[PDB]
Amino acid sequence: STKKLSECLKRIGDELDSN
Amino acid sequence: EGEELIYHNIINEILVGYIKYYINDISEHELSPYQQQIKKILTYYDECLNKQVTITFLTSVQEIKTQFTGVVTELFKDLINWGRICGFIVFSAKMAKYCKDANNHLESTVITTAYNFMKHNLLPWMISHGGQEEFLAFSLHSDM
Numbered sequence: 030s031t032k033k034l035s036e037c038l039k040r041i042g043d044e045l046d047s048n
Numbered sequence: 002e003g004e005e006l007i008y009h010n011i012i013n014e015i016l017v018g019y020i021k022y023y024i025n026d027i028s029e030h031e032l033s034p035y036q037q038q039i040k041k042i043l044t045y046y047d048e049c050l051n052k053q054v055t056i057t058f060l061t062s063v064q065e066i067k068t069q070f071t072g073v074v075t076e077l078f079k080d081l082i083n084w085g086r087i088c089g090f091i092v093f094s095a096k097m098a099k100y101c102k103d104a105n106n107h108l109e110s111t112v113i114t115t116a117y118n119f120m121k122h123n124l125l126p127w128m129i130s131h132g133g134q135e136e137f138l139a140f141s142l143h144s145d146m
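If you read the sequences in order, they're chains B and A. Going by the deposited numbering, the residue at position 17 of the first sequence is 46; the numbering climbs one at a time, nothing skipped. Read left to right, the second sequence gives residues 2 to 58, 60 to 146 (the deposited numbering).
Heads up, a few of these hints could be off.
For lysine-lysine, the following DSBU-like pairs were computed, each having C-alpha atoms within a straight-line distance of at most 30 Å [stated by the list, open to error]:
(1) B/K32 with A/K52
(2) A/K21 with A/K67
(3) B/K32 with A/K41
(4) B/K33 with A/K67
(5) A/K41 with A/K79
(6) A/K96 with A/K52
(7) A/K40 with A/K96
(8) A/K102 with B/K33
The set of hints was computed from the structure by calculation and includes no laboratory data.
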């Protein structure tokens, strides 16, 4: 798919953007 | 020459350089000092991603544009932050690596597609939020 990759790219990016 | 030169320099340092090293078109010490520093967080993002899932795909310029655009536009429809810029860079590097691998001569299309997108859709956000210097501060994070 492609919509699921984004949410993967998203939440990884979200985890790194923490603190 | 002017603002275009600034924008060109930023994208070259932050995006193009890492893709050309992910691709073996360019060695590790062909990178500006700013580039191997941010390579760390891009490299770490790549490994974090390879834990999650693996990517497999693309035969034409037309297919690269729609597949790449579809993912990245969905990556930033919600919001933009430096962490998902990493994913953007990384995702751009993984599709280019696929191209140089298959020797389709389409990696050039990937770079130009990512460049165009980062310039139109991301650069205004990144400039206003610290730009090149911030991504450098973003690279440090926790050295575990």
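Hint check results:
| no. | hint | in the structure |
| --- | --- | --- |
| 1 | B/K32 with A/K52 | holds (18 Å) |
| 2 | A/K21 with A/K67 | holds (19 Å) |
| 3 | B/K32 with A/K41 | holds (27 Å) |
| 4 | B/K33 with A/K67 | holds (18 Å) |
| 5 | A/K41 with A/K79 | holds (26 Å) |
| 6 | A/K96 with A/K52 | holds (15 Å) |
| 7 | A/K40 with A/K96 | holds (14 Å) |
| 8 | A/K102 with B/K33 | holds (25 Å) |
Of the numbered hints listed earlier, not one is contradicted by the structure.
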